[PDB]
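Novice: Residues per chain, in single letters:
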Amino acid sequence: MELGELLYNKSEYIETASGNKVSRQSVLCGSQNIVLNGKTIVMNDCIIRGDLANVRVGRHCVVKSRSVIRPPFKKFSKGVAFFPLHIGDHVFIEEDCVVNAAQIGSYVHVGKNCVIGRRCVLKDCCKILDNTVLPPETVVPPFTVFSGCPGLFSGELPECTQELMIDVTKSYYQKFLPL
Amino acid sequence: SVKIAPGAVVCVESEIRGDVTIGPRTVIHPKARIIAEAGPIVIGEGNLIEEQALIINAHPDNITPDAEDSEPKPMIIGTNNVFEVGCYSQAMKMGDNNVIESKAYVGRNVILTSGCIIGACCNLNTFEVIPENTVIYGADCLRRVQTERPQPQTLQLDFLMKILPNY
Amino acid sequence: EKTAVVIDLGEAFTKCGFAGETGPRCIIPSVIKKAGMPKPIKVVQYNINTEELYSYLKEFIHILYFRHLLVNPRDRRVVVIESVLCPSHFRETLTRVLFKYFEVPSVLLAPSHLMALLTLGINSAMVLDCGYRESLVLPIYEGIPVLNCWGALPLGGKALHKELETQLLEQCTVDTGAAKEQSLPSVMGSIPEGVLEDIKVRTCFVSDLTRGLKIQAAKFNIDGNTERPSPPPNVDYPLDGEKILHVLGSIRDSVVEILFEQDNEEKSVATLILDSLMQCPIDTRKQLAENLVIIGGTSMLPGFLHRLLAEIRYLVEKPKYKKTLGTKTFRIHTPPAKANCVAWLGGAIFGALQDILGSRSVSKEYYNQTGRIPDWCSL
Amino acid sequence: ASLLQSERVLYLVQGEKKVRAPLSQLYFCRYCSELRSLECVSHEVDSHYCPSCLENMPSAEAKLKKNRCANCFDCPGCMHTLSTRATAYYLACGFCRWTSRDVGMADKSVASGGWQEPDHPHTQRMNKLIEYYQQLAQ
Ligand SMILES: Nc1ncnc2c1ncn2[C@@H]1O[C@H](COP(=O)(O)OP(=O)(O)O)[C@@H](O)[C@H]1O
Ligand SMILES: [Zn+2]
Ligand SMILES: [Zn+2]
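Heads up: the protein sequence lines correspond to chains V, U, J and Y, in order. Residue numbering for the first sequence follows the deposited numbering, beginning at 1 and increasing consecutively. Residue numbering for the second sequence follows the deposited numbering, beginning at 8 and increasing consecutively. Residue numbering for the third sequence follows the deposited numbering, beginning at 12 and increasing consecutively. The fourth sequence maps to residues 2 to 88, 106 to 156 in the deposited numbering.
Check each hint, because a few of them may be wrong.
[As the list claims (entries may be wrong)] Derived EDC-like pairs (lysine to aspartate or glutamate); straight-line CA-CA distance at most 20 Å:
(1) Y:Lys18 / J:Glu62
(2) Y:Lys18 / J:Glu70
(3) U:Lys10 / U:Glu20
(4) V:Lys112 / U:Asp147
(5) J:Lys44 / Y:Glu8
Rather than coming from a laboratory, the hints here were simulated on the basis of the structure.
All chains should be modelled from the sequences, with the hints used to inform the complete structure.
Specialist: Here it is as structure tokens:
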């Protein structure tokens with residue numbers, strides 16, 4: 001709201017360990033294969049399944065409520081297996097959002113309730129708008145905005161994304177405290 | 008009131024309610040919401056369910072007319088059927104060889120045939136039988152297109168047999 | 012020298028590409044998606060303030076020169092195709108945008124009718140331009156446009172889109188998907204122009220003269236009991252997903268008739284050729300009649316060229332045109348590119364001529380000095 | 002940029018044309034002392050690239066190829082980047115289930131090399147007209 005990030009008070013129940021905060025409400029079925037190296041946030045009722053995964057997330061990663069990050073299955077003639085996805089640094093997944101994406105780049109703002117397709121690659125410094133469908137096996141270049149049910153180039157982003165996005169994710173993390 | 012079948016890798020951690028009737032080779036993913044409110048949920052072999060998938064038989068909650076005498080409305084589902092991420096479903100009769108896409112709201116009385124796909128993030132409340140081997144794409148408009156051949160998804164289901172153990 | 016770019020700014024669609032090519036590289040709706048506005052504003056709009064028009068054209072030309080075409084604007088020349096009697100302030104603005112902001116080397120303001128003639132190769136021909144706003148005709152005799160014998164009527168895309176909307180609202184039968192299986196009239200107060208255009212193209216067609224003449228008298232109902240031909244089957248068209256509009260068979264073949272209707276004045280798209288040709292010089296009559304050219308996207312409509320050429324030969328026998336244009340052989344030219352992209356193709360053929368282009372075209376150095384674009388009005 | 006409403010508080014530019022824009026969008030000019038907008042500044046062309054198969058193409062190759070990638074294709078029905086599927107290759111879309119088999123294009127033995135667009139029907143008549151007008155312009 002007018003550049004400034006607003007207050008969000010968390011409850012007592014949340015798994016805070018080595019900077020990484022993960023809501024107890026949010027199930028993450030397969031805790032072994034999933035890894036959170038940095039000071040990540042995972043909001044309540046969110047899913048990070050371990051269906052033969054290697055879900056590596058960023059330094060300041062944010063996943064809002066009711067949102068799912070599942071790896072896609074690669075339809076290979078040699079052997080059909082689930083491809084391990086790698087969420088980049090400073091990644092912001094918005095609320096109620098579906099992600100079946102392989103290799104999500106750093107410094108990205110994925111919009112609200114937007115379905116990303118199977119085996120979908122996202123390069124760094126991009127932005128997917130809300131109520132948008134990226135089809136299976138699609139690529140989005142840097143400094144781009146993809147939107148619509150087709151999921152196609154809408155326009156370009158501001159030049160200063162790399163520097164700006166840092167402030168957003170770090171401010172949200174700092175502003176997001178217990179009550 | 009549960010009719011669990013061997014071979015089917017239904018995960019215990021997924022939520023189930025009512026007079027369920029489980030299929031031979033079905034594979035239910037965790038946090039898959041199946042309810043048998045009025046009539047039973049009949050499941051065909053190879054009918055895998057992925058992530059959030061609201062399958063209810065609550066026509067008594069939807070309308071509540073107090074008509075059709077008993078009105079069981081038993082939820083029949085076919086074989087080799089992929090339920091994707093966040094797709095709402097409520098179909099009394101549903102055919103074999105059909106794949107609803109992610110966040111697809113299927114209607115209160117919509118009958119699915121073979122080789123037929125619902126569009127991702129597309130909602131269809133209107134009651135209308137789907138033609139043989141035709142796909143719907145987009146939310147803004149339906150834009151129906153007839154497919155050349157039906158698409159099978161057997162290999163995917165078969166591999167989950169190996170994964171689900173110790174999860 | 013570099014291959015000069017060709018742009019053709021229209022109300023409905025803009026043609027864009029490079030000179031010495033078989034057709035245009037990009038053809039897109041002439042609109043811009045501004046932040047806040049739900050429906051995108053139209054870039055060409057006549058009779059508005061210059062500053063507001065300048066901003067829209069600046070926004071549009073930017074999209075053409077970077078997103079659609081990939082080339083530096085300052086490097087290579089421009090060939091701006093625009094119809095004769097295009098509003099003064101609009102053409103003045105369009106040039107001022109290209110010369111000031113983009114800093115183009117030189118613009119050439121070619122008339123669309125003379126460019127359409129080059130594509131065929133014939134030196135003299137009559138040219139009808141059935142566009143979006145107005146269906147204009149202009150006789151071109153051996154390189155010289157005859158402004159004296161001009162002709163225009165508002166029987167284009169806009170007039171046809173409006174006529175379709177009116178007819179659909181009368182016989183309105185939509186299946187919303189909310190106990191609307193029964194015929195539901197005018198659930199939506201207005202239909203968006205994007206939908207109406209798609210219905211027109213796919214559903215509606217141009218009828219034969221014999222069947223059309225019956226349709227005219229049928230809807231009139233001039234002391235006759237159900238004297239209409241059997242219509243085509245009713246086509247169901249989806250509106251915004253769930254809502255299914257059942258288009259009546261009568262609407263498909265009646266909507267077009269407003270173009271070819273006489274309406275007492277004796278002013279149709281057909282009559283406009285013969286009205287112009289009768290006003291032409293006596294020596295030029297037989298050459299122009301033999302060489303007819305039908306450009307514009309409105310004439311793409313299926314079975315338009317047959318109805319027009321037939322309606323011509325019927326209106327010839329009418330006593331007004333029977334004296335002058337009685338024993339004349341009307342033959343249509345088939346241009347190499349499609350009816351929509353005839354105008355553009357001429358500018359590309361002209362753009363390929365680097366030697367003549369530089370001389371005829373107005374240089375930026377001249378515009379910066381003078382600030383006076385040459386027009387067919389007095390200097 | 003979008004999450005926080007950068008499109009609220011705006012900075013003004015000095016010159017002929019005054020514009021109200023967010024600081025995120027604006028650029029500072031160091032040669033002189035005056036910040037200028039994306040509108041005010043002149044735009045150039047550096048490099049061309051495909052959004053699917055990210056391959057930096059030179060300016061000369063683009064003019065020959067009409068600003069297009071040879072390997073990648075976009076579907077005609079819906080506007081999305083197509084994918085090569087085998088059985106011996108057919109082109110298919112992910113969003114809509116439109117195939118290359120539907121329109122009746124034959125499957126190619128080689129993956130990328132086989133696929134092509136038909137020649138323009140009025141390409142021979144075109145060159146003859148140019149050469150006529152070229153001689154006449156001369
Ligand atoms: N291929 C086509 N088939 C049928 N109708 C068309 C086609 N292309 C355009 N049209 C219709 O005819 C009109 C042609 O207008 P156009 O000549 O492109 O614009 P302008 O007259 O402003 O240059 C469009 O508005 C559209 O309604
Ligand atoms: Zn490519
Ligand atoms: Zn497609």
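Novice: Could you run down the list of hints and mark each one as holding or not?
Specialist: How the hints compare with the structure:
1. Restraint check for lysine 18 of chain Y and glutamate 62 of chain J: satisfied, since their Cα atoms lie roughly 11 Å apart, inside the 20 Å limit.
2. Straight-line distance between C-alpha atoms of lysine 18 of chain Y and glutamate 70 of chain J comes to about 15 Å, which keeps the hinted pair within the 20 Å bound.
3. For the given pair, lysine 10 of chain U sits about 17 Å from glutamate 20 of chain U by alpha-carbon distance, which is consistent with the 20 Å threshold.
4. Between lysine 112 of chain V and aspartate 147 of chain U the CA atoms are separated by roughly 17 Å; this keeps the pair inside 20 Å, and the hint holds.
5. The straight-line distance between the Cα atoms of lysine 44 of chain J and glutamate 8 of chain Y is roughly 16 Å, inside the 20 Å bound, and the hint therefore holds.
When each numbered hint is compared with the structure, no violation occurs for any of them.
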